[PDB]
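Trainee: Chain by chain, the residues:
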Amino acid sequence: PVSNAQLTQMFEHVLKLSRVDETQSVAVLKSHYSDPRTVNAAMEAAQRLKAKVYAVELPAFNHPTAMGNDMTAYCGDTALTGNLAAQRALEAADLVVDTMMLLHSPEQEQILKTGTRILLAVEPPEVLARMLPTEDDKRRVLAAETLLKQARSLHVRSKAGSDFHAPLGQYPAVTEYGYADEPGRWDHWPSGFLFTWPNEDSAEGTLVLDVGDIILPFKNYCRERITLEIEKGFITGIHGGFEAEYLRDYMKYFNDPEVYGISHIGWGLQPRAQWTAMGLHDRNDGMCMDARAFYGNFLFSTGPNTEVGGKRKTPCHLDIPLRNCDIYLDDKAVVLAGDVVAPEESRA
Amino acid sequence: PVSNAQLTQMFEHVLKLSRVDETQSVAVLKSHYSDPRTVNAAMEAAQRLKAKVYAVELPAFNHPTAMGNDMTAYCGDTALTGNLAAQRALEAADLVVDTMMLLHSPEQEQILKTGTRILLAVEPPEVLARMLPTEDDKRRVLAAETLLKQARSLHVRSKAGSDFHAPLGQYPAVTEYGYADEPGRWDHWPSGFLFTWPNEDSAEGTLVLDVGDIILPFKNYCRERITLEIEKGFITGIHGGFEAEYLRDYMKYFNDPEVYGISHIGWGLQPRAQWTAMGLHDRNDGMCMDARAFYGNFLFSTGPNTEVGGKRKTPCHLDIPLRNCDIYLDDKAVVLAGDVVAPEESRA
Amino acid sequence: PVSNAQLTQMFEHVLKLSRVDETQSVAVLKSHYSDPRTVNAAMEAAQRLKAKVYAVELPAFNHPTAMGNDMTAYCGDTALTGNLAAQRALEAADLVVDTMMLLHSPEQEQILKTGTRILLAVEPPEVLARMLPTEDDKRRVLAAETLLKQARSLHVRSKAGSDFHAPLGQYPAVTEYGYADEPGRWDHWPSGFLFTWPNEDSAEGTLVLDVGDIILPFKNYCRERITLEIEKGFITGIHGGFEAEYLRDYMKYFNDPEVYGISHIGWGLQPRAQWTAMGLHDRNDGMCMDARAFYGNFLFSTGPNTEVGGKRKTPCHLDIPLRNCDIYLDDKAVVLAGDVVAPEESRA
Amino acid sequence: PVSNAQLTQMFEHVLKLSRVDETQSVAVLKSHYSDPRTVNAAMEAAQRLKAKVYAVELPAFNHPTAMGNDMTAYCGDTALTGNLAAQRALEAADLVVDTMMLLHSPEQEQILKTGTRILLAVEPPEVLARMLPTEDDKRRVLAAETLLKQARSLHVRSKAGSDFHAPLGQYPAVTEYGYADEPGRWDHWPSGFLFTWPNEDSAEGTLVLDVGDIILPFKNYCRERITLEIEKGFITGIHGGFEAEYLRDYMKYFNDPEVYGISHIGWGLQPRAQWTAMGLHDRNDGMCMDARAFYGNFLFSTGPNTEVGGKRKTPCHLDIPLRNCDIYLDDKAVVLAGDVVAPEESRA
Amino acid sequence: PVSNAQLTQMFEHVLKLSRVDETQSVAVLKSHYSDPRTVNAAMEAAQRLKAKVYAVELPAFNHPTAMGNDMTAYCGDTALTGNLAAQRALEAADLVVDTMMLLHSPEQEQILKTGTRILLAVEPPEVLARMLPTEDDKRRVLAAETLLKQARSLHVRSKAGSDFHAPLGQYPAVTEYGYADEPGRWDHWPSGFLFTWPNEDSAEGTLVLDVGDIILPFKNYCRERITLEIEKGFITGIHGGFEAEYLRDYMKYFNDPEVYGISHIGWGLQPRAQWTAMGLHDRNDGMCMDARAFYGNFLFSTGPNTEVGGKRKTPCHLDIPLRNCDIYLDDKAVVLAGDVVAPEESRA
Ligand SMILES: [Fe+2]
Ligand SMILES: [Fe+2]
Ligand SMILES: [Fe+2]
Ligand SMILES: [Fe+2]
Ligand SMILES: [Fe+2]
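Residue numbers (PDB author numbering), protein chains in the order written: chain D, 2 to 349; chain E, 2 to 349; chain C, 2 to 349; chain B, 2 to 349; chain A, 2 to 349.
Mixed in with the good hints there might be a few duds.
Same chains, same label: a pair holds when it works inside one copy or across any pair of copies.
Claimed, not checked - Distance condition first, Cα-Cα at most 30 Å in a straight line; then the derived DSBU-like pairs of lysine-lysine: (1) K17 / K53; (2) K333 / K253; (3) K160 / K150; (4) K253 / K17; (5) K314 / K51.
In short, the hints are calculated from the structure, not lab data.
This is chain D alone, in the form it adopts within the complex:
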């Protein structure tokens, strides 16, 4: 496990990648459920770097109908909703270290528009250490982003039956390489992947969760196939066995035809993340960045897309990584058999 001393050094390293120094101000955002060791370590490390530091504690926000303890599960209001003073208290800072899992909101977007950069850190210390950010990871992620911002279409195929096409261009590319160096940037330690959104009402085809593919926030390896039929950017059929029914039942509870929209789409670039990791953790350890980010996955998502000016504001939200896919941007393959093949600069 990770000692207190190692944990402050890790924060020293990541904050330094994030351009924290004596000119900079750091605000550590926490609530009752924040990991006190991580908060502590972020406060000490920041002070070691000569930054001006303060913590901001907000009362937790609860969505009454939300289930489980993964907060990515229900995308709605946040602790900042209606608390304009606290938001200003965070805008005042250059860098916010977020340990309370503030969700994407117009309130957060307003923080980012002032130049403030935000670094999310909520995984346990041990996950943090295995996926400790590097500049190499930034270069690789950015090489891939260049290639994605020039793409007009995205195609996914798998031997299991995925055949999925997504026109692009209408929306930007997002990257997460694990540190918050550039102003107005949000990032997450740990990460190491990229995505965009399909043009509105256009994503078509079928996506097949094979045996061994994952649905978050359920955090299970599927034991039977689920076939998703998608038309004009919405899931219209969900088929297969017990997982299929559990999925169908879970999406129905939200009682909203918006849950079925396809939101982000992208691939993983983090070789230190492992598909097997999730099997060694409890549900309540964290949100499982290993599943999201592992090298050569295809990650797609359902539900809200308000983050980029999409129509959908629904709380239901799934992230589903697929193994063993072939992924194509226009004519060219970025991933083949779940091995990353292009750009050459993006490869491990």
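Using the hints provided, position chains E, C, B and A with the ligands relative to the given structure of chain D.
Mentor: Okay, now just chains E, C, B and A with the ligands, sitting in the frame of chain D:
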């Protein structure tokens, strides 16, 4: 002692009086030595009144030459010094509950300029409860403020031989009545007194700390007399037995002529405070507002007066109340033999 | 200092002397200011002795006019006042270990009348170790109780000028030897002393606090004499220096003629208690049993006497032990020059 | 659940069995993630038994590539690696109570070589209570050991297709009956099993994880068979469905030919342990001793064997218990179809 | 006050000066009453410096007849008495940080002989910060040592009547400058003074505690004179008013002629320490090193000399600083009227 329910209720009471309601944002300012029960009662109470809330934690500021644990003793920089983001974090709020004892500073003056209010609350709960603030305390204190602002001169006599003159006018009256209701106001729960400052280089005569008179932050009842000789606003001679030598040596330590300057002067109007209270407490219990505010005391101060655009910025600061004094504003007496006599409204 | 293991062992010892075993039920009474180590040790110890145990936590009770943190200083309502259910929950136990300092009250007296026995234990572990109860202390105390119950009068002389006479007979003798073995008995770990009360309206003479004598809760060694003139069981004069005036001032604040009545009178039998102990502690640490029980002191008290059916229910309460006294019961001396001389079985 | 009282009494029981008394010294070894309750109980029980005690605290060691929070998952360096002084601090003691799970390493082996004995205690209190050690467990486990030390080979068959042969003799037999009574002896509260290692480069045949069989540290009951093919001490083939792919992925990650080596082999003799227990626990709750020690299991392990001078020093370590097995020493059955049949004195 | 951050940084400074780096082992010694912030800060700082570290926790040891919570007040056995394993646990290390105040004893001396060095650090962080150790301080203190090791006699005179003489030479001089750089060396952060002991049975004359002088551990400033008459290295008479009677009573209580022995003698060389500091603190804040080390004091002690193989191992230990003294080595002044005059290289 004071339970958690009673503490919360007392903070509801004082925050009501400080005009906290649903239109308001409260910031609870704290550091690692803040009492957690007090912080939690303030946060809970503010939410009961439907105000938005957040807590602000700052790292402790240490002045390396300072002695004791009393923070009034050493007036220098503070954790706000060069820490604008932190200051903006407080400025966001309508009302700051200070549980860390931020000392008067240009940075704090800026906060009040914006219209933000500051309530200091750091004494132990039992003390807080005994001097719970009232609208009647404000009335009486504000009645005294009227008289004081007109006054051209202050004069103090005692049978023990105090004979002290101070010319007024050049500097404002300042009140403390225990709550922060007006915009840009600072007050301290608990309090109930007022002071001003004498004209530059002008104060003249002798002050005698009789047997039983008090020096803060030493927190001793004097057992022998201390005679202080004052020329052109400065102490030039300190005479007596052991307390005098103890006092001279304390002042010498600071190695600075600024320490001998007289700062605020004024009288106490808090009948629920008690001169005997100090001898039932330890030093580190707090700063002993009972000695400062007890009804009919004369309280004068030394050292820094940059608070009001004075020349002196030195850390060394004593507050000294005296019993059994007659105090005269111009020709008219406020206190006679330690009893408040004028204004009538201001009496108990 | 005392380790956790040694503290549980000490409690095992005292609870064994208090006749705790597998037939008995023990309730540990605590509130938020209770020493958690002592509570934990009481709970562990009782369970080691196979007793059935539980803890009762009450919300603290504050007297709004009370000053300081010692609770013997203000005798009025308690946490049990108005809380019949909690009282009953205490009544169910055979033995209550009180770690919250429940003052004597009608509710407590009712707990005692059900057979329930109560042991107070609030002093720090180190004082508790030093004055760990023995059977031999009980023997010595009871032998003095035998003598005191036959007494028709008590007389106190001292070279410093004490000359005090009190008829007895009207009221019982109370003993404290530091454990709670008999049903319906209250006792206090640590102690080792006994007292009674003088017949109503009858105590006459002078008691002189010599240099070095103590007033509780002030917890000072007197540096100047205070002379107490007493007539028909009331102090009618208090003369001397600063201590005199401080005492006069303190008693006045209560605005109650009753504070000046003489309540209990007795002597100490605890050689392991030391008159010097007090100047090695802080006011916060405890209520100072060393001062009340030290061998050969004459201890007297002012204020309430509703404990024994007296007229006075006032909150002001002093305990004042005097060194170097001769104490006579009828014509027979029990203490001479602060040394215990009779009964022979009560001596060290 | 288990109280503090009970937990301490369990440590007394176990420490006594482990021959702790007034002649002995106990070091309680710990880190930031140790259960403080277990620590305190070990400390206090050691003092109740009159031993001299201290605790040693090491800062935690993280293997940057390790996953999950079970420390049996990565057997590499430990917090003792290069910390010679800490090693000597543990060598000073007669008995180390290990509450941090010190992996078997050259440093621990050395400690044991000084005569120091070590008792591992890291399972949750309830698990500790369910498998509280007995002298009778020791007898049954020693009776089995006799037969193991007499064997020239070990053979496992099962209806599912296990057909596995292991020449014995090169390496010694090791027992675990739950307490550390003998000098230089390491044991684990709880346990109740025994094992040895096969001769170098010799183990042959196949081992079949049937439905219901367990891989540690994954902590799953397999839903599909996995077949392990073994040649000359090494797994050379892993076949089945999803469990098999996952397993293969996990072993490959470590990128070491060494992970594939068969290490210890043996059977379970703890009837208080239970194959079903694991499905009643979360992954972070413990290491799952139930799964390792249950009566009649066959337990084999992969990876490192430097414990006993074997060539392999790798981190990847699996323990795999198999149900329903026929286990033979030479030609003689010690277990048939998961029931223990010989020796008779080893049986329930 | 001092933040965690700052406190960690101070320990780096101090441990660097104590020559801690990658080659060294640091052991941090503690007990249940050790300040955890200080413990953490020391553990952290030694890691930041690449040292190997562990903590050793000893259960607290309590001398049943000890009074108060200053541990210098009773120098008998310690928590290491009889605990050889723990002593070895500490000898294993190159540098021990003592956060529990191991008293001087045959065990602590033995540790030091193995070449292990020791740094005591128990004063509150704020104090630690005010007298932060410097190389210059060492320079000044070794200069004074030079002088003292040459001296054949020490003589103290004061206007108040001190007239005291002590042959030197039988025993070594000892320095304390704040850091433990040399192997075999004990020091204390904070300090800055030096002392030796007088030849057996030889110190003669009178030492007068004037008004303003201090007795440790009573931690009072004397209000009346106490006169100590000294013959053949023992106090034979103690005279004055109330303080003298108190002191006599305190000494008698231990019932041991060895308490009256004159032990170390010397003077203070620390200008950042202040004679007034003590009056700003509470008894349980620390041991008042300000009072022991202030520049120009003469400090003498009573009770045990066993540390140097002296005859007396009694627990009653007093430390007594006098101001305004002339101190002479042979016939030359090192101090006059409480100001240090030789050697010139020791002056501030
Ligand atoms: Fe998503
Ligand atoms: Fe002031
Ligand atoms: Fe009383
Ligand atoms: Fe294993
Ligand atoms: Fe000493």
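Trainee: Are the hints correct? Go through all of them and say.
Mentor: Cross-check of the supplied hints:
1. In this homomeric assembly, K17 and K53 come within 30 Å of each other (Cα to Cα) both inside a single copy, at 14 Å, and across copies, at 26 Å.
2. Taking the shortest Cα distances, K333 and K253 sit within 30 Å of each other only across copies (29 Å), while inside one copy they are farther apart (37 Å).
3. For the identical chains of this complex, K160 and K150 are intra-copy neighbours only, at 27 Å inside a copy versus 53 Å across copies, given an alpha-carbon limit of 30 Å.
4. In this homomeric assembly, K253 and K17 never come within 30 Å of each other (Cα to Cα): the closest approach is 45 Å inside a single copy and 33 Å across copies.
5. Only between protomers do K314 and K51 lie at most 30 Å apart by alpha-carbon distance; the minimum there is 26 Å, versus 40 Å within a single protomer.
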